[PDB]
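Colleague: We have chain B; now place chains W, X and A onto it with these hints.
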Amino acid sequence: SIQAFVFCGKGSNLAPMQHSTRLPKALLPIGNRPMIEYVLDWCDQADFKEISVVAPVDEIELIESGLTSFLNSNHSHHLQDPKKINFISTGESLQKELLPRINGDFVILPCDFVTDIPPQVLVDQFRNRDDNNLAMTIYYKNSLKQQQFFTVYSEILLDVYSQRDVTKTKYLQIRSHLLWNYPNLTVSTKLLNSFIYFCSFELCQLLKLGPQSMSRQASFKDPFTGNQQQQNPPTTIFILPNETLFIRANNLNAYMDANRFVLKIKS
Amino acid sequence: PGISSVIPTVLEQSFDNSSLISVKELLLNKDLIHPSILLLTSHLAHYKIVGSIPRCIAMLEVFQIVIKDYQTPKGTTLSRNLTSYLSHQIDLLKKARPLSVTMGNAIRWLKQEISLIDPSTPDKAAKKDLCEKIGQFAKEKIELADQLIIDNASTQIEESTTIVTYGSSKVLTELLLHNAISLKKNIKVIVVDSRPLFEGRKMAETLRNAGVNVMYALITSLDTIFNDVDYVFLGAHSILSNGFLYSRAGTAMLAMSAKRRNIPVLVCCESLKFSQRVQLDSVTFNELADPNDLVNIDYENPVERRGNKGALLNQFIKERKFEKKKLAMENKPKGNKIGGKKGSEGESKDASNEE
Amino acid sequence: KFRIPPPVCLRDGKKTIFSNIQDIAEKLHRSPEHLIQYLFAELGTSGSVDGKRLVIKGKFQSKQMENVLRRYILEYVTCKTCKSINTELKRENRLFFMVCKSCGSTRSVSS
Amino acid sequence: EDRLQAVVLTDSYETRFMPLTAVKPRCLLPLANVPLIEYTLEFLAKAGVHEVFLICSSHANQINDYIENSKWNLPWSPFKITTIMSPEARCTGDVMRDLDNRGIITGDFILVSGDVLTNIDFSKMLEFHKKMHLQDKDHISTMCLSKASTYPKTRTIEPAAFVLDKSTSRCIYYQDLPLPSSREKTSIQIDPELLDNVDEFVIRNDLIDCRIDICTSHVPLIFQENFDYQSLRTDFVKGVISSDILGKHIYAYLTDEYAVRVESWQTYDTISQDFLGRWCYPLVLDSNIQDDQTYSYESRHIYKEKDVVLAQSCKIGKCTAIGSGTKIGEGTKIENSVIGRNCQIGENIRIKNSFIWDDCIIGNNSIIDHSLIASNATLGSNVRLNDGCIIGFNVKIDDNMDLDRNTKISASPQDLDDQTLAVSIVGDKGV
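Residue numbers (the UniProt record's numbering), protein chains in the order written: chain B, 2 to 17, 58 to 112, 128 to 144, 150 to 205, 218 to 228, 237 to 317, 383 to 413; chain W, 237 to 257, 259 to 464, 466 to 593; chain X, 157 to 207, 209 to 249, 252 to 270; chain A, 24 to 436, 455 to 472.
Isolated chain B, as found in the complex:
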């Protein structure tokens, strides 16, 4: 019924540290501490027994060694390496592969995480409201250009538009069928997704029938809109993702945000 997922990979976007075969992205000393310590702490706080960790074709034992040595958890961890991933798809292809192991609801948490917010209250929220998908947003630095688009609705807290500004069309693009329903919408410019994901049981069947998932963000949560015509049959509450805002400093790392985390730490 209850299970947690840990996603692991290898760096490609960052400039420097990762080129060596011996040292991966999973075991990095930012400030005399491993990067995955925080995740472990979070998991401990949450209290869960069955946790399955996914890993690519590269590094098969190093991660295990890291898990073993130094480190508190005292839980049973299981690590697997499927040989189908080619980096060019990250975790969607893993998800598609592993399905009979899933019993109930599952929590998705990647390796790249810095956390300070209360842990259990997200889970509790997910449990209470009874929805398919949940994601979180945190503001960019205020202390001394186009980034990415988000929309918020509040009276229940729901997500409407989450498409990024990579291959951005010069004018604003929405839909009026998604606008006439929910007449009030607030445009967010500063907020950024911090890779926090919660998912339910009614998603396992759709993956085998129709594969459409991309980058775990582009089309993982984006197929939800039941507007205009509707042709695809739903599996048996309307298919809608949720979004909640937070004040405290907890952020992601992907682009040019690695030296700032150190600064944040040392004060």
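FYI, nobody ran anything at the bench for these hints, they're computed from the structure.
Wrong hints could be hidden among the right ones.
[Stated by the list, open to error] Pairs of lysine-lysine, DSBU-like flavour, derived with a Cα cap of 35 Å:
#, chain 1, residue 1, chain 2, residue 2
1, B, 410, A, 176
2, B, 249, A, 189
3, W, 285, W, 421
4, B, 302, W, 563
5, B, 271, X, 171
6, A, 261, B, 249
7, A, 176, W, 439
8, B, 289, B, 302
9, W, 376, W, 285
10, B, 11, B, 218
Modeller: Using the frame of chain B, we list chains W, X and A on its own:
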């Protein structure tokens, strides 16, 4: 282990006997608890819909779910730590929101069931029969009884009616709905609302969802509402061994008003709600909650205004206390609709010895 | 090239409405359907032809659509042997092959 | 802060009320057995008015007569009435130009389009307007807005989508759509001229029109300058937004309480219903404004004037108002309907959600449902009416007639069916 101590607001001078404190946001617990119980507790603590009738049903459902999920350990028998688990659950429930009479009855039934089948039978055969039996029981003593009550009410209602109603009692909602739909009479529904829980509002909403002519009033506005209006209906929680109406908040006053203005009151109850516990006042044992319910300044539940009040601990000598469960007078209600069609409230424990 | 016509379109969205497209078809000497097909190929859309005006599903703008138009006017209109102004459309059997009015040469119209 | 003049845009929305407005002026017509101008006047008084200006063209003599007869004509009034007489049929731009030509405009002048009656205090609003004006030199005009009934569904004529700011309270976009009435255009447009200056973008639709404007001395001059603006909402506000004169500010006041202007027929009915209930906080008929009125309050939202006669054994529903000098018979079922002054009701008549104007005779054994009867128009024996049937001036509906849903009857003695003469069209009779 759980959580102990730390209580918000003043403890007050009068009415100090029952728990009013506790876990609202969870922090550090025993790593063996099934989460469904916890979730239920969380719900009950911050509930605005439930009122005596559905809670017990929900509890039963939860128990059934637990049974379905239950797996017998390889070493110890089916009942060894199960009882301990049950006790823990009970403790959690009490910490969250005190146990009702119906809940107690359910617990007793469960205990009886446990005693009935001794540890000797295999896993998949025993629980298959247990869950079915429990379902059958539920079908019998609850839903069917409710249906019977409804049918009794149907014949009891005459021509040309003007009714004043109160509460989030499911049976009453069912009754009113039935009147609206299948009877097609000249029914008028007037609703009374209360401060601790928005039950009246919910009732009104339900009525609207059917399409009924609705007047909406409060506890204060009663002197002008009568000035044609006849029937008064209330929702009961439990009847004691004395015969007194041990129910929710704003009922007794309404009953008194009805008595004053000629026409008597009718109350509905189930044939399992009866108790052996003896009490004649609200001081004995009462559902007391945190003063957070009496903070919002009218209109709606989620508004949050920075008006005049917003402090409890910092204020020197200030007691802001409210009560949820009340004890109404015996002689004021005349009609009681139970499993045995019709009867007086002075019967008290005629069904208790009957079992 | 001065052959690019001004697109008169207001950004009242949900469905892409191109009322000026007839003029575009006329000036560039083109059948309207081909342009629609090109648009479809470019981005996943569904609609119908109406006499002059288009009802295409999607909240498409007047700058990315403009970009698309520009693109279609650099690899679906220009020639090679001789750069000329007047290029006419002829349905020549299922795949489209257009002819220049100045000389008379068959050019590939598919990419 | 003190000394403010008022200009009221009257006789503007004629032929919008398709059956009526042909013989008598638009504003002179009673809302609840008493003229619509009076309410407006009261509102103006509440706000703070020192001089009254009315714009009349269509049937101006009658208006003048009314003014002469009215209470404000006598020297006790702080505000005097002087009417603007203009040539027939012109837009609000032309009217503004005319006003400018005359020249009475001083400081912060009040311009009200149509007739509005609301409960909200205006002094605070005025203060706000003043404070905002004191911020920057180039500030224009105030707009009034109120929160709608959660979801919009009964609004098709003017469902304006207001994109607003929280920090400054300023309009960004104005758009009209016929989407709920006719599914042809379901689209929302946003202009990118003010995206990188506001940041806090709140797109909203659920806001009701009031059309009460507090205007500076700049407005008439602006109108004179740009003669292309004939209207004040659709072209003007948009123009202001798109920087016609660079670096200028406009207001959009937000209030939680009820504020709706008169626009159509159903809307009018709704307004009347609201008035009957306790929606408006001080606006009640029992206070008696016109001084000739003798209204008194009774239980279950029932209004009764003095000299009102009602016979025994008649079951009444909810929200009923009866005018003075009425004689009502036996066996009547009255539900959510207003009866006019000096009306004679017969016997055995079932009424539900209807509306009856001044001096009307309702015939024996008739059923009236959600339909309006105008002044001096009489109903005969056995008349069955359905939802939204407007009856004009002096229409004589005689013996035995049946009319279906949404049937409009002419008022002047042209294009629409059923005429003012004997019997409504079931057998051809008329001019």
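Colleague: Flag every earlier hint the structure violates by its number, smallest first.
Modeller: 1 and 4
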